[PDB]
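What follows is a single chain, given as structure tokens, in the form deposited in one PDB entry.
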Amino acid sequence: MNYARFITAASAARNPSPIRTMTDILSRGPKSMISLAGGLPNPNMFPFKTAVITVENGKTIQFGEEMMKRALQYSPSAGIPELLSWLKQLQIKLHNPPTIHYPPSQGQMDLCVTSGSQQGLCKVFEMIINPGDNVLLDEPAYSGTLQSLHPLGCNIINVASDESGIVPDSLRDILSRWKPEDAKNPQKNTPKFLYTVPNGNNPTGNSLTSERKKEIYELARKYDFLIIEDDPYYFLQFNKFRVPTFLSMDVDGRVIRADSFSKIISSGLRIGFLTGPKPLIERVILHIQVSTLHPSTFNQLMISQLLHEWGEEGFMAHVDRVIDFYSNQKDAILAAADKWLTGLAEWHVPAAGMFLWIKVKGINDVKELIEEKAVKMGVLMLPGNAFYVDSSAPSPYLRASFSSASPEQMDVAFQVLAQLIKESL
């Protein structure tokens, strides 16, 4: 509601452009209009002339001479128009955000295409965080988030989590360090935001339940903080009934949601999207206008043409088949773990995503086991140390990926693991 408290001095200082209100006038003028105003290079000089890209379960994508010129040329900072509209309509189909028809100043849903979702998150963190600011999140947490937040000088306040994600009673008891009003009231330092991966957390694989999401949202309004819903495994939930998102219940305009195409369509193309209140999305667009300028227009066109030919049906049909693939991988890694790990280790079943989080029994830090012993036997899993704000502290946990390994190679890795565990007790 007071979006100004969640916007730094540097971020508030960002301005429009200005230049291109001019080349804007060209768009709606007569076809006889001559512009010498713009700063576009001549695309006729660019060496790539046409493209044809084959698709599985889909018609081939063709860029002809005119489309190629557009693919190779500057495009709008927030994204190409057809991809922004397709994406906004998708958010409406999926989450029907309460906020879609609110006035702009009151946090009307806006959305921008980012160069990967991580771009959206980084700009968001940069938009918000003054050193000494308090932020909430559940460890274990995505190491990219922790590495992004560290140089910002926030105090990270760990919220307790279990098989079902953040524990709302833990959140409650952290927040009683303040009362609300506190928040309407600066410089106390009531938390600016709570960040979480609600579906298939990296590294734990745990997902928030809907009931718990409702409790967290209630806390968020009470202490007036932002929720940043970083949801890159949103389209990889193994339950075919997707749990309601924070964005679907954002009646206040206090959620910022990052979505990713990195797990489902392409990670290397660097295309994600950020959804949230208009005045906050506007600040990230201005920062991108001075940094990446825009996401690859070629890559947006490839995605947008794919998405439009599929329709929301072809899109959903595709996420379904990939979930089916990851769910079989999940089953196979669970079967390997049950087989070899013994009463040797404990793990929860991943509710989404692509990682298994394994607690090794009777070993207080697993870095030697993995960095030294397992590497020598040609088997790599990831120690848990990376997923904590304090990475120097001992961790008995291992992250194991199930995205790619065959059943045979999971069987070998887990028998080797079990042996070294037993050799180390």
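Each form is matched to the other, and the largest set of C-alpha atoms that superpose within 1.5 Å is called the rigid core. Residues that one form lacks are left out of the comparison. Numbering follows the first chain given and starts at 1. First, how it differs from the form deposited in another entry.
The one residue among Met377, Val52, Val55, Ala37 whose Cα position changes by 2 Å or more between the two forms, with the core held fixed by superposition, is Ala37.
In sequence order, the regions between the two forms where at least three consecutive C-alphas each move 2 angstroms or more after rigid core superposition are 29-39, 57-59.
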The other form holds:
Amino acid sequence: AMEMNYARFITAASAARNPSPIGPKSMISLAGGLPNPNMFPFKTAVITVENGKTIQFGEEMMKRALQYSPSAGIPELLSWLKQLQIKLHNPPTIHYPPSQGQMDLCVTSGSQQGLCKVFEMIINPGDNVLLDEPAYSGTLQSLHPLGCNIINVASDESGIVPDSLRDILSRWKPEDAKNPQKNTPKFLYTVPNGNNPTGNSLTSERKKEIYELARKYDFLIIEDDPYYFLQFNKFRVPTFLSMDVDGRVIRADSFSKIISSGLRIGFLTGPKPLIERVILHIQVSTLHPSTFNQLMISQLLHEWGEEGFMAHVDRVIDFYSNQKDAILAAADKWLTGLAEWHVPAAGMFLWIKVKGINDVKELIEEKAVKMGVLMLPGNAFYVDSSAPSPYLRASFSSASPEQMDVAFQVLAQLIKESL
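Here we have the form deposited in one PDB entry; I need the corresponding form deposited in another entry.
All you get below is the one chain by itself.
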């Protein structure tokens, strides 16, 4: 375990944040001075749940659900998720001292809130960041105003190529990480399972190689992993968090694809000194994630248990895997000869390279639309969105087999008559 200097990953503004000058701690007991919840108009709730179950908010629970709650999340959700992270990832940092990157969790208002806060905590203008393009548009949109240089790491069907990362890092010496003025990268960001838009996932062996490069040049890994629970291989690949001997990994998990996107509940797992910075920023922004929505999820998860949760996840994977089977069969049918793709390892996107056409934006935004078919041009997933893209992101989250037949029959036509 290498010693971490967390202060180098914390901006002046982030470091300046202080805890508020304001038995077992609960808002039920400690909210006497906060707004009186008897004034709130919602009184009880029943929410039906799959397999003929319910969640009930009685009068007391409704008052809690409608009241303020801690910035890091409700304690019982944090506690249940801590145990989930232990079971799934057994992170090395569980019992490290706080100052050495003890594993710490924060519930966030979506995972993207967590990620944004992490990026803001770290990045000064002119810092270098590593990621693999095509990358999620939200991440690129988030990094742009922070004024970092984004250095693109090559990727393939197995995600980031370690040799590319190695080749990028050879630009510095390892000892340059001790010299702020050398500007060695502050972090590597990646989506390690079912990258949006590619559908590609890292292997265990590559993750080990990337982790060791992160030690060698002393940078953080931001493991943005919203499709962790949507891997089609039922043996889930070990995560960067699971290898994190140094406490250099910040992991973002999301409920958005398995439980609800609209509830805006995700969570960060990472070293305590960095997670604390994020919590303090949350505390002066959203204050906390919706108490009501946390209680819906926390109650569901407590009633399910870890087995029930994982069973749910399995049923979600089964649905998306059948959808993947269907979209790959339409691709096989119509696009063989006219386009390239890999089988998605996780998530909900098929990434289609159109052969013999430099850009596909006109092909969609005039020709495909007019034929009642829309897919997404690839340009949005690069730092330079004006550069030509031969790629299309096709979602298999919703469309029927019949709809995928039509869309791809229509795409095949337009590819033929555009060559």
